[PDB]
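Participant: One letter stands for each residue in the lines below.
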Amino acid sequence: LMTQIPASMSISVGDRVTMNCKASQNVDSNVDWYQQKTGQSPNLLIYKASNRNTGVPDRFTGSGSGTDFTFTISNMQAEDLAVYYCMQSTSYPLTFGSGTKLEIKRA
Amino acid sequence: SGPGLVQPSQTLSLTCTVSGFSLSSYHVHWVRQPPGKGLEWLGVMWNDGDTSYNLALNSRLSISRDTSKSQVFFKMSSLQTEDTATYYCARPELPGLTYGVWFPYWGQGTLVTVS
Amino acid sequence: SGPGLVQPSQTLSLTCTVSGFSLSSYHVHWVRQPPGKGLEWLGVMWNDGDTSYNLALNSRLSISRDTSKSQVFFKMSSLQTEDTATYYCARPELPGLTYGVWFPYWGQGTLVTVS
Amino acid sequence: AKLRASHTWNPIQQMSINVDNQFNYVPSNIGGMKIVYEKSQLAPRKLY
Amino acid sequence: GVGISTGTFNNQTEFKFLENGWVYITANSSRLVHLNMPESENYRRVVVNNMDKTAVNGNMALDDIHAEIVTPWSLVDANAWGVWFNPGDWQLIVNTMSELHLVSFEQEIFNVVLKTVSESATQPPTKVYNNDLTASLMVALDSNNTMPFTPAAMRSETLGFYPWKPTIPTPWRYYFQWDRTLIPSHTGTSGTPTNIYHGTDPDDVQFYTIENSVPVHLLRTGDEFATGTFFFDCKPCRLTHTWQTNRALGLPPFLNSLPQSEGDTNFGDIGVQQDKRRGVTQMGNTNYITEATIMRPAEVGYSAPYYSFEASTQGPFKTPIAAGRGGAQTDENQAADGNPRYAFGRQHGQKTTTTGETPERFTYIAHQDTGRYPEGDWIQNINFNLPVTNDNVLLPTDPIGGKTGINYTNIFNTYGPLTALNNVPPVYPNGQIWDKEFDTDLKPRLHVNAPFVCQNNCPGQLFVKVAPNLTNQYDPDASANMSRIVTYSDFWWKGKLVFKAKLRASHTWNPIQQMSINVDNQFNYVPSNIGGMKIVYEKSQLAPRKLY
Amino acid sequence: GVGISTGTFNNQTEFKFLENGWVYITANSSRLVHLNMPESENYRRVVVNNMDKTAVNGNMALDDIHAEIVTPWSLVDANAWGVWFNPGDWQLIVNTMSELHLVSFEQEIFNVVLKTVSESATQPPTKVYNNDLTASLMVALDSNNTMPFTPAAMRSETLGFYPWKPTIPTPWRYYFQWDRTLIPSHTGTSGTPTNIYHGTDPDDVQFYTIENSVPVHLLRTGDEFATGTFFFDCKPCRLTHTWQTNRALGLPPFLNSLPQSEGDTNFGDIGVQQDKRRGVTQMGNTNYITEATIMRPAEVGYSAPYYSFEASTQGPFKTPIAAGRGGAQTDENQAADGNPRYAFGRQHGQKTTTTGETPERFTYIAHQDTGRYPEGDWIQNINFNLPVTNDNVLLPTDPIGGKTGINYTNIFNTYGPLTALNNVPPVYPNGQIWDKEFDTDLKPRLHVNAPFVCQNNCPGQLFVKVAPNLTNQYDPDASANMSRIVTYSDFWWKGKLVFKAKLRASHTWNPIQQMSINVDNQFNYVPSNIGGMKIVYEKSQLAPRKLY
Amino acid sequence: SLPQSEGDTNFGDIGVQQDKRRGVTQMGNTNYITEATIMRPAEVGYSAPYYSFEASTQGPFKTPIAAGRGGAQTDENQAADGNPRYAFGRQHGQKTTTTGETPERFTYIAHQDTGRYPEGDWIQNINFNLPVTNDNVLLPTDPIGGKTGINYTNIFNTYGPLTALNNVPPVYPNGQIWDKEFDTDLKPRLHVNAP
Amino acid sequence: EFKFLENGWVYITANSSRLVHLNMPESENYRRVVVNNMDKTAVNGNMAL
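Residue numbers (the entry's author numbering), protein chains in the order written: chain Z, 1 to 107; chain U, 108 to 222; chain S, 108 to 222; chain D, 537 to 584; chain H, 37 to 584; chain F, 37 to 584; chain P, 293 to 487; chain V, 50 to 98.
Check before you lean on any hint, since a few could be wrong.
[To be verified] With the C-beta cut set under 10 Å, the calculated list includes, among others, these residues of chain P facing chain S:
| hint | residue |
| --- | --- |
| 1 | 383 |
| 2 | 384 |
| 3 | 387 |
| 4 | 389 |
| 5 | 395 |
| 6 | 399 |
FYI, nobody ran anything at the bench for these hints, they're computed from the structure. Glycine included, every Cβ here is placed at the ideal spot set by N, Cα and C.
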């Protein structure tokens, strides 16, 4: 099914990163991403890649198709932080992946 | 639902009022951990349904009063918690098959139900 | 309701789901300014009601889908605003007559509707 | 007119009072009346 | 002989009509029956006991002890409403009809088959099946009723619904006569409650054994058996509940001032003071004549002591209630003032794919409104000094002997002069059709079970058992173990029932509640892709009517 | 009982004659039937879905989604022309006969047999077969038609042709009620088309289940079952196509000069100019009266929008066409203006030795000439300035909204005042015999399926299923898995049909096309040394006649 | 192939491919026989040009429609494909205490389901090259003469050979009982007024 | 009142009545009138208002 890696990312504000995923059964593009937006949470951002809407465009960007997906972050601020989730949508049932964990680099 | 053990009755209710699109039928009770899981997405009763583990059954009338039930008992010895129950509630599935898919918003953060 | 002038249609809807006690019948759409006013507290239709200024009529089914309507047009040239619509929703009146009375809680702060 | 007869396994929609219209049928204390509209063709049947 | 089959197979609903409102509802049904050979042989008397539970302090009754006589035979029987009717057909009866009458009943059995199992050992084993002509089946049916009686659903082990699925009868049994006495107990009780058994009074014993009474047609199979039709004797039943309670009996007082504006908080006025009103009354001193205090032609329903177990031969048992909980919305649990609550399973609900097993339960309320609501009842002295002081009257909050759960309401009764109520509404499809009537001479005025009662005698049942076989060995009249050839046999079953009913007619300005599909139950009626079925309960007494 | 067999076996064609041209064509047939026991048990509702195909952009309909209720039962049915007739017999009907009338139909079933399979394990295994007398077969047949209706060939899963080869019925099924909506799409479409399912309207549900309706004779086997004969009600059908098109309606203009030499490029002359001709006309300004422009008593056929899918509960579906492609020789593909094209296999063609499987397909044209040919149609203004300039008129080469495939012709219709056409010609032997008539009140003037239609009610079908068996185990009304004894049963089947027809008569100077053997198909009629068979299609409406 | 588990996302399979299916059809080239494409005994309802005013002695007037909007849930306004909408007042509704005056209006839908839903209709060439390219077919999104509101659907008609429908359902209590029948000889097959 | 017959045929017999008040018509002779409103068809647009 779906898993979510890399992890342990500490970044400066505004910088980019790549987040990716891998899956078995061929998912077309059903790939989705849920992003707090801390509160009321998780409050999905981009629909199946790619729709930049929700709630205003160009905060992040998704792209790619098929068994893989690459999640991308253009504008990083204190309005987004910590850890996020991915889904696959296929058949029965639904399934979730687990975890990224990106907090602003503080040192 | 609970509290607390081993299988007591009821205590899952929200949200009134305007609980979503009445399509026959809909969700979402949030669902679940949140890290999981879960819950293969209710139908409508004789026979339309249903969820992925037995005795998870759901039932309710989408007319007013717009409500929910039970829910439910079920097998709680795994210490799992979803204590709310708030809506919008995208496309369920069953209806669905866009393919699928997607889930806009939610509401009413942490309610936790004891083991 | 509106927006904006002089008497356009609809746009008052909330809240789904679990909108309150279904007693035949209930409130509360918040109501109103808030400094006022207002609104002498809906019945149920043929004939049970109703509100204090004409063409304020309300109607809805308390079964599921639990919803509301209209509401309504009505006479908006007084620039007044109640844009939500969230519940609990105490005792209406009609039922009531404790005597009266009292109103616990509310929800969903400021929604403002234009003149 | 002719009475219909069941031959199905299912019940069939009828008109009836509920709380949707709770009182659209009962007068108002001033003498109010409405007679709200009512949709009657209620009975599904086979076609071909 | 074997080269024919004489039967037919019918599940149908046909409405034949007559002149002036009388309509015969003629329903038929049928089922497929499979019947294991009874493993026991001789008649058998057994006494069951569980005592650690009555032993431990408390536990008024979590069980008692009974003694029964288990025959090898088995009972195929009617007398459910799920054996013939369909929630599809059930609609057109309850919407259009204000009354019922019962007429006639009959059964027959046709095209029997007998099979055989030969269990190999050295083989996997595989089960061989060779149809046996010369084996036999026993059929024993009495229209005298002499042999003792039960209906069956005090449980609902009765025949399965649907007519594509087989169903099995159940082994047949009846109570014997013993004596038992049990003393109370509770948590704080010290010492021993003295729970004892008490042998059997030899004065009175009934072993009733059908082979000593009633004939038995025997069947190998081409042959059929048919019981002629035995009529009923009954009184009708109303399908129309009575909403009017003791408020609506009378002519309401006359308003002297009529309210004005539309929309409501608008309250008329009785227009006079409480002192000067004029009318009949029953009360100690009336300068007061109210909407409450006034003479009514008679009461409705009866306040009964609830959860009070009177002791007898069996000691503890529950004292039933003939009314509904209508008017009481705050007391539920299951059937607070009593609302008979069926618990069945696997056969008429709890949708037919259910892993393992677990019962199924729903509280069936009444749709009749007669208020017995115990809260809000109290008593005054005859002086009527108002407002009344706490020392001169009672409340439900006042103990008895210093207790709490009791109010006073657990010890009360009325019933006597003026009371009345409506016959218990039929329920569906877990309910019962007819019930035999008691043997004694005082004939209780109703039953909290069946809608209809034969005032003379009801038709009997149909008993059946596989015919025994022996290979070679035996001892004459021996309770030692005689060997046997494991067999089983199936027979089709048909049934017929005749009704008579009258169409109701509007005379009101309002429409009336009916049953119908919606989205509440969207599909409680349509099968599930594995073959699931439910037949959820349905409440029928739907029709409001005038009362007085 | 078993020691007799009551039936007979008939495939014959006998011509009985009467006075004055009326001839009864009386055909009989019969088949051998083998019937697996249905593996499922309960009634079953299923929803089928395939969406990646409607998901990807484009693909108007390569499929939709349907929901059905699958019974265990199975349907043996008539209503093909390959079940009774022979391409040997078919000849003498179509050459000599100008009309048909339908009369009567009946069926019966005789000499049933039931068998059994006991599968060993330790053995190879070998399949044992022991004929079982006391097992049973169910037969359910309604002449009320109340239970829902299908014919079958929308596919042609119908009984096999030839009467030496067995054939099997097919499991029986019918549509349920759902809702679906689907938005367009194409290759260049961006975003998402929004393809969604939409639950079920609870207002309208039909579970129709025959056991709730129609009786069931049950059969062990010596016994027979026979349905009495239910007549038809119809209008005749012409076997004679109408060649005259809108050219031949009228009296042709008079030549003023007759050509001379034999052999042809020899062209007569209308003899007057275009201006001075005399006659009736309909047109904006006539100094012109042509062979084309002139008043005709009415039109023939109708120009219909082709390949236009209107949306409904099921959304996309094709809008049928009642005419033939006659007159259009340049458009084929398969059935361009529509020429219903049968696709069958393994059972009535694709010669009976075919490795693996693959469908069989032939485009069946019409033999009727009514020209709907869309090319060569356009419109003018009312001025008639000739020769006409490109800006004042239209061509099929002109887009709509800037498209290409569309001409204008995909959006057009006429039909209205003057139109008419001939009833669809019967086809053979993949076609259909009779068709039930719609329930609503406006009664479409024909069908693009069957030649004949019962205006009141058509005879019903014949339903059959093996009777169930259990060994020993069960749960009452359980959708869990009950064990079973795998069995199957065969029964012979007979059929009878009555026709009435009139001999045509010459009045022409010419002979007329007939069917006959040649070398084109030299042997499409004679078996192949392995036993091969085809029964190639054959086009019958062979006879030209006058029209107006 | 019959599905298995209870509860649904459970979808049966047609079990064959699209190419090898067997049955009757009407279409240009069939290696395809669908649930959609197949021969049906006749149609139901008719697609009619909507909001088209033909001119006569009175010039502009509306061309009525005999069907209901059943199957179309996204088009309402008032009576989109037509759903006759009564407007009355003071005498049979708008509850009998109403200050001043103002009409009363409710859209009466049909309860009959015959789908005329115009969205999701288009046409193909006779070649059937699939998946189809935008240049070879039509969409409701394509103008006529460069317009927008028109799709193609405002100019269309069928009705002709195979159509049929059910007599207009009576309505209540604003409807009509009986209606006199026209004087001419062709006697229209129904009325969109009286039962 | 519902009067019944044999085999499913049922006569539904309904009656009614009303009270009628009728002003005297103020006009007298038969009268032919033509109604016109054109500024609305005059202004561009407004197919038929």
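Participant: All the hints need checking, so say for each whether the structure fits it.
Facilitator: Each hint tested on the structure:
Evaluation of the residue 383/P hint against chain S yields a violated restraint, the C-beta minimum of about 16 Å exceeding 10 Å. A distance limit of 10 Å between C-beta atoms decides the matter here; for residue 384/P the minimum to chain S is near 13 Å, and the interface restraint is violated. Taking 10 Å as the C-beta cut-off, the interface hint given for residue 387/P holds, the closest approach to chain S being about 7 Å. For residue 389/P, the shortest C-beta to C-beta distance to chain S is roughly 9 Å, which falls under 10 Å, so the interface hint holds.
Look at residue 395/P: its Cβ only gets to about 13 Å from chain S, farther than 10 Å, so that hint breaks. Restraint check, residue 399/P versus chain S: the minimum CB separation of about 13 Å is more than 10 Å; hint violated.
Going through the hint list in order, the structure does not satisfy hints 1, 2, 5, 6.
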